[PDB]
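In this view, the complex is presented without one of its protein chains, the others remaining in place.
Chains here go by letter, A, B, C, D and E, matching the order in which they are written, and residues are numbered from 1 within each.
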Amino acid sequence: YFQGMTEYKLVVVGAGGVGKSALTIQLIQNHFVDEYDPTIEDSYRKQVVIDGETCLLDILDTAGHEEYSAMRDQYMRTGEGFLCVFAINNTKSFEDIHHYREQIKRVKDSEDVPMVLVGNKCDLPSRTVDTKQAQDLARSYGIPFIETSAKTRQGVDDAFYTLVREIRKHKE
Amino acid sequence: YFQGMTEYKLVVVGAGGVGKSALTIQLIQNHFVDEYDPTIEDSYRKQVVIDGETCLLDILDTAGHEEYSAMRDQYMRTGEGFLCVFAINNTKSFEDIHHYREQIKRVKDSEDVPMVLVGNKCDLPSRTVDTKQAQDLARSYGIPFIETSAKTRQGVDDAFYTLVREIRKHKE
Amino acid sequence: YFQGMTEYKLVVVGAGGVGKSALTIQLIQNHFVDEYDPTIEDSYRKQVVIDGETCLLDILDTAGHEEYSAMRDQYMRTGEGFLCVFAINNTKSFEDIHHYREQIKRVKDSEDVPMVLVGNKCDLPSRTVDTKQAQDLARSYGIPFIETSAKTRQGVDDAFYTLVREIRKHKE
Amino acid sequence: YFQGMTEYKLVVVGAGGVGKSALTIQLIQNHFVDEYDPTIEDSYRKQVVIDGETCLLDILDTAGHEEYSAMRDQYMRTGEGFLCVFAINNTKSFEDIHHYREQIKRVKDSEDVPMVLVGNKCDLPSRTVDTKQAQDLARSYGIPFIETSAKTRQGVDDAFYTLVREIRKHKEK
Amino acid sequence: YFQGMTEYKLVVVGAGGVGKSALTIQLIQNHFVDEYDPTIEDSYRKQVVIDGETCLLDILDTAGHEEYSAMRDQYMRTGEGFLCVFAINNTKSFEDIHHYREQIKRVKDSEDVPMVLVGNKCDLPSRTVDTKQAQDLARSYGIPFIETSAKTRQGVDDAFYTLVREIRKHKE
Partner (left out) sequence: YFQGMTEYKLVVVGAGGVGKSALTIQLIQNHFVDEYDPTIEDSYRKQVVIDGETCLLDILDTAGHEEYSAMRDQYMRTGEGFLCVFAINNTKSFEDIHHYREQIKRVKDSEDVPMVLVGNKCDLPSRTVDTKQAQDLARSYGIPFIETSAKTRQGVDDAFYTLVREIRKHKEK
């Protein structure tokens, strides 16, 4: 019997200051946060319809730099899909993506974990990471790539919905 | 790729005056039709969410007594699920059910066609068909039975949603 | 910041066979379950709007007779509000109500636990519990009383929504 | 040109105790009010979809017996459609309907005011007004008749939605 | 009597590669398609609310590279309104709008067909068609102009909704 909507546990990861919180708050509250208030751990929920199916998104917004490592392992084990976020004006955040992806694969003991690569801050003019380099990286992982802006909303719904679609593909 | 909601083609059949139209209009318009205006053929649409899936119901309301028999065969071939309606104060309408069911199975060349047995007018005091007799008939067919009232709305959404659930079970 | 809708943890309690599951399934699925399948423990969820506020209902459907008593204490501690259900044609289930209420107050160590008294099966003709006696019982507890039918849907939404309203009053 | 949904100003009238408030509260809150708390004047709002059109219902719940008569005239002038409610177990409330209808036509200075006749408390066994008599009365006025119960919800949405449909028919003539 | 929502048959036309499919998929899926997969003929549906009226959009996505087909004329004649799409960085696509407008008038056998002029890819730096030139063209036809980006979503809902508004104006 149907016991209520499907829930998806989504985790947003990436380096400090890339816009993990701003992405999530834009999704939930339709609000752009201009301030930089570093996150420890915050959880949000939103019911949405994707490809005709109602679902409840449970979104965990993580800290760029996780001090205690057992807490990080716990959210990686609980997460069903991951947004791996870098900022298109921060080359170091892009170089860090490989580390986040390896950490997730290690903790979940899986090679095929639903993930989407997200290049955020696409509204800003001083781009240091080229679209082609990110697309190549995503292709090498077999995952989608989406450019976003938490300020203009470009790609925000698409990033989260794409991740749900990746989870659903993996569940069949 | 998703191109739009799933559509379900539902056909409402049964003897003259059992409340086929009244059931459908209660579903679509939240309106009870007190008048008895015999139907020739009418089609209705409604988008609903059932078990978290969005769907488009295409509902064909049929005549109690079909003049052209080729037109009847055509809607039987086209329909994916059937509500077989009798009135709980009309014994003849209940005895007629087996004819509608045989016609449908013949045309579809199948013993497992999605169907729901509907005992309508359950608000009226003059009952001549017992719940147990209808339940036994439905059990013999392997289909659900639901008592309805187009006037009180008892069972109306449930009849249609149950039929969609029967179609989905058959498709998988 | 708002992190998504408010969640309410609702627990449905009462004697065996009074319609705990049937009420919950009518709420969630718009479906009347005619079969009597005794419950061990089932959980359901639904998003609804009550008094203009969006909320997520988490509903725990319990067994009439709880064997292991630590498991019962655990759901009573976790529940924020309780529907105490009897059947209007079952005097014993009505006389039992005070036991359920005492068990809840004992475990929660409180005299002011959000609760609603529910008299189910109000569609049936064989009534043995008078509405006035139920209202008097509810008045003695300081809680609302609602007559319901899981078959007709009378009062079903009202029972759950009223319970949410009781929870909100207690939280403020 | 479109400035937001269409608004319909609905007024609920009828004798004391027929269930005007209970109908409205069932519509708005999905709650049956068992208590009898006499109304002075209350206003409620709900956004609904009727025949594919989104609309905002502004509903004025009136007192059975109106003290100040200028205030009654004011809501009758402002109202676009009226639910005229009686209780099916209260013959006197049914006999009163013609007075409410006449008062509305007088104030609005019109013979063609959108209205629906509502026979409430249809869940109760003690019926004293026959459906044939109510149907005849409604036919004589050229308006719909609907039996309702604020307790079971029978006919509640239908009464209000039917009234909106009557208003729309009148606006298109 | 109301039998369910109004349906509008929309057709999206324009030169190869202008973003007809990308616009439609952004509408339906909230997804930007980066790949260029040439279309032959694809159909989508979506229920939306426009000016307070619920409607069902039936959307036909066409080929931009297609020699003369009787089969093309046949599907175009089902259209009630047309999005005529060019890319703001492709002057030839803008000059081709005259050909699509003549094709539509020919197939519909009418001078007054609901249409909207859509200038897509407004996010790109390589603009060759100025806003004022497109506005002047649209004014000459007596139709609206909307600038869009299937990547940012600028103007996507507005293009389709505007077309529905044009259809409604024509029907009254």
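The rule is short, and it goes like this: a residue touches a chain if its C-beta (ideal position, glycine included) is under 8 Å from a C-beta of that chain, and two chains touch if they have at least 3 such contacts.
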Shown chains in contact with the undisplayed one are A, C, D, E
So which of D:56, D:71 or D:107 would be touching the chain we can't see?
D:56
Touching the hidden chain in the full complex, which residues of chain C are there? Just list them.
2, 4-6, 49, 51-55
Spell out, residue by residue, where the missing chain touches chain D.
2-5, 7, 28-29, 42-47, 56
Chain A residues touching the omitted chain (full complex):
29-32, 34, 151-153
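Operating definition for what follows: only the chains that are shown with their structure count from here on.
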What is the distance, in whole Å, between the centres of chain B and chain C, each centre taken as the mean of its C-alpha atoms?
33
Could you work out how far the Cα centre of chain C sits from that of chain E, in whole Å?
53
Among chain A residues, those touching two or more other chains are 2, 4-5, 51
